[PDB]
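These are the residues of each chain, in order.
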Amino acid sequence: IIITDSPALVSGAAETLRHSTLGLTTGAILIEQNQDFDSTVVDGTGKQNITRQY
Amino acid sequence: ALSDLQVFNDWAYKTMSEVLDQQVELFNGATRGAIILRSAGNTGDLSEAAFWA
Amino acid sequence: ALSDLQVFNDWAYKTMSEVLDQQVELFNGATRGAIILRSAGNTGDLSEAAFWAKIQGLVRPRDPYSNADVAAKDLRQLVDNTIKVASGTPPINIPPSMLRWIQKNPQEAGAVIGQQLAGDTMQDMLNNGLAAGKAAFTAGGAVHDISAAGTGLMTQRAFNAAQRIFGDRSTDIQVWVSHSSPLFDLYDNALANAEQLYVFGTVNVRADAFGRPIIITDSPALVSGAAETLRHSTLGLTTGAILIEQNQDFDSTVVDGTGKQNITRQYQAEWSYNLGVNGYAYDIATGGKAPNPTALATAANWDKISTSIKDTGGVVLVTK
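Residue numbers (PDB author numbering), protein chains in the order written: chain A, 215 to 268; chain B, 2 to 54; chain C, 2 to 321.
Just so you know, the hints here were simulated from the structure itself, not pulled from any lab data.
Heads up, the beta-carbon is just placed ideally off N, CA and C, and yes, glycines get one too.
Among the hints, erroneous ones may be present.
Derived contacts from chain B toward chain C, CB cut-off under 8 Å, selection only [unchecked claim]: (1) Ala2; (2) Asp5; (3) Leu6; (4) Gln7.
Restraint-style ranges between C-beta atoms, simulated for each label pair [claimed, not checked]: (5) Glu26(C) x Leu21(B): 21 to 29 Å; (6) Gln108(C) x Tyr14(B): 34 to 42 Å; (7) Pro92(C) x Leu21(B): 49 to 57 Å; (8) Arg266(A) x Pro214(C): 42 to 50 Å; (9) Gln78(C) x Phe28(B): 19 to 27 Å; (10) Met17(B) x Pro97(C): 41 to 49 Å; (11) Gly58(C) x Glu19(B): 35 to 43 Å; (12) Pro92(C) x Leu244(A): 14 to 22 Å; (13) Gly34(B) x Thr235(A): 17 to 25 Å; (14) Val256(A) x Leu21(B): 40 to 48 Å; (15) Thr230(C) x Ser253(A): 56 to 64 Å; (16) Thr235(A) x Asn29(B): 19 to 27 Å.
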């Protein structure tokens with residue numbers, strides 16, 4: 215019984231609180247990471263302080 | 002008199018940070034292959050595969 | 002030459018640009034250690050320092066032929082702080098186009114900005130330190146106003162009256178930071194009359210009758226008002242009277258932009274200096290003037306913890 219605190223497995227609250235346990239076969243869920251990461255850091259000018267964002 | 006003194010208190014900044022709160026090791030062997038985690042990059046929004054009915 | 006030949010007036014681009022127009026060389030030796038420019042890293046809005054307090058009556062007359070009970074005494078510790086003043090540079094349009102047009106590199110523009118800032122940065126530090134100086138000295142009560150007295154113009158006598166506050170610390174006084182205007186009025190008076198008759202006129206090229214050199218500067222921190230309300234301020238700083246701990250937190254950015262005829266490039270710089278210890282033991286009241294000062298927060302809200310006014314270093318002289 216794999217255990218994880220996943221929000222996808224809880225809904226409702228108090229009397230409406232329900233829990234979903236899913237039993238999987240081999241290869242039931244496939245996540246193919248597209249290895250396509252795009253990261254950038256942009257700075258800014260014209261403010262009391264330099265503005266850097268991620 | 003300690004009261005007549007100026008008490009300073011150790012100040013510091015931990016170099017680490019909280020990263021998560023949920024066990025997310027649920028891939029491949031972790032799920033006996035139930036949830037597969039591959040690094041397969043594919044083109045377009047859909048990767049369809051037709052099979053005989 | 003002549004019309005037949007062609008004259009080509011030669012030309013050049015000067016590497017050195019105009020830096021400043023105000024005397025800002027008032028640091029360390031230039032001011033006899035009155036104002037100290039130090040480089041250190043300070044964390045937080047300010048930096049506190051706790052020094053043990055002086056014990057009053059620490060030495061007592063002793064009688065070997067007697068043994069009477071002597072009152073006990075306790076130790077105390079005073080704490081002075083050092084506020085952090087932040088200064089920045091507005092966006093500077095530095096498009097590469099203009100540089101390339103006259104065959105120059107944008108780097109050259111960056112170097113010019115840096116060489117102008119070098120002087121403008123020390124100017125702000127000095128002006129703010131001078132403003133904090135008057136504020137701390139007004140708060141401490143070491144003020145002498147001759148403006149109401151007679152013409153209110155500065156005289157050699159004013160120096161003695163101002164230094165009188167520090168009885169034995171009068172000699173410890175290093176220089177007399179003042180404005181150019183009151184200095185001219187001082188000499189004008191002596192040059193007009195009573196030179197080597199009432200006052201020691203032009204005792205030195207620019208010093209007081211006690212030898213302390215007078216370092217004049219066109220600092221706004223030393224002029225307040227106009228016409229009849231115009232008043233001048235002269236600081237009799239002692240050694241270590243002012244301390245400028247320039248924090249090594251200088252930052253800068255080069256943000257270029259598109260969407261225009263030519264690449265729009267800008268330059269913004271930011272830095273901070275722990276300006277504090279405005280006197281042996283003067284503590285700025287950050288709680289009453291916010292954590293980050295804006296050169297106006299001081300408002301003479303500095304606190305004095307020194308047991309004696311002589312301990313604290315620096316006196317303010319106010320003249321018309």
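Hints and how they fare:
Because the smallest distance between the Cβ of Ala2(B) and any Cβ of chain C comes to about 5 Å, under 8 Å, the interface hint for this residue holds. Using the Cβ-Cβ criterion of 8 Å, the hint placing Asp5(B) at the interface with chain C is satisfied: the shortest such distance is roughly 4 Å. Against a cut-off of 8 Å between C-beta atoms, the interface hint on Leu6(B) holds, since the closest Cβ of chain C lies about 5 Å away. Because the closest C-beta pair between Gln7(B) and chain C is about 4 Å apart, less than 8 Å, the hint holds.
A C-beta distance of roughly 57 Å is found between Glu26(C) and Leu21(B), which places it outside the suggested range of 21 to 29 Å. The given range of 34 to 42 Å is respected by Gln108(C) and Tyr14(B), whose C-beta atoms sit roughly 36 Å from each other. At about 40 Å, the beta-carbon gap between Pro92(C) and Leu21(B) misses the expected band of 49 to 57 Å. Roughly 46 Å separates the CB atoms of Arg266(A) and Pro214(C), a value that falls within the hinted 42 to 50 Å.
At roughly 60 Å, the beta-carbon separation of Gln78(C) and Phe28(B) lies outside the given 19 to 27 Å, and the hint is violated. Range check, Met17(B) to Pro97(C): about 42 Å between beta-carbon atoms, so the 41 to 49 Å window is met. For the pair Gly58(C) and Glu19(B), the supplied restraint of 35 to 43 Å is violated, since their beta-carbon distance comes to about 57 Å. Distance hint for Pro92(C) and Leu244(A): a CB-CB separation of about 50 Å, inconsistent with the stated range 14 to 22 Å.
At roughly 19 Å, the beta-carbon separation of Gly34(B) and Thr235(A) lies within the given 17 to 25 Å, and the hint holds. Checking the proposed 40 to 48 Å range against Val256(A) and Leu21(B) shows it is violated: the Cβ atoms sit about 27 Å from each other. For the pair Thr230(C) and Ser253(A), the beta carbons lie near 59 Å from each other, so the given range of 56 to 64 Å is met. The supplied range of 19 to 27 Å is met by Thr235(A) and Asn29(B), whose beta-carbon atoms lie about 20 Å from each other.
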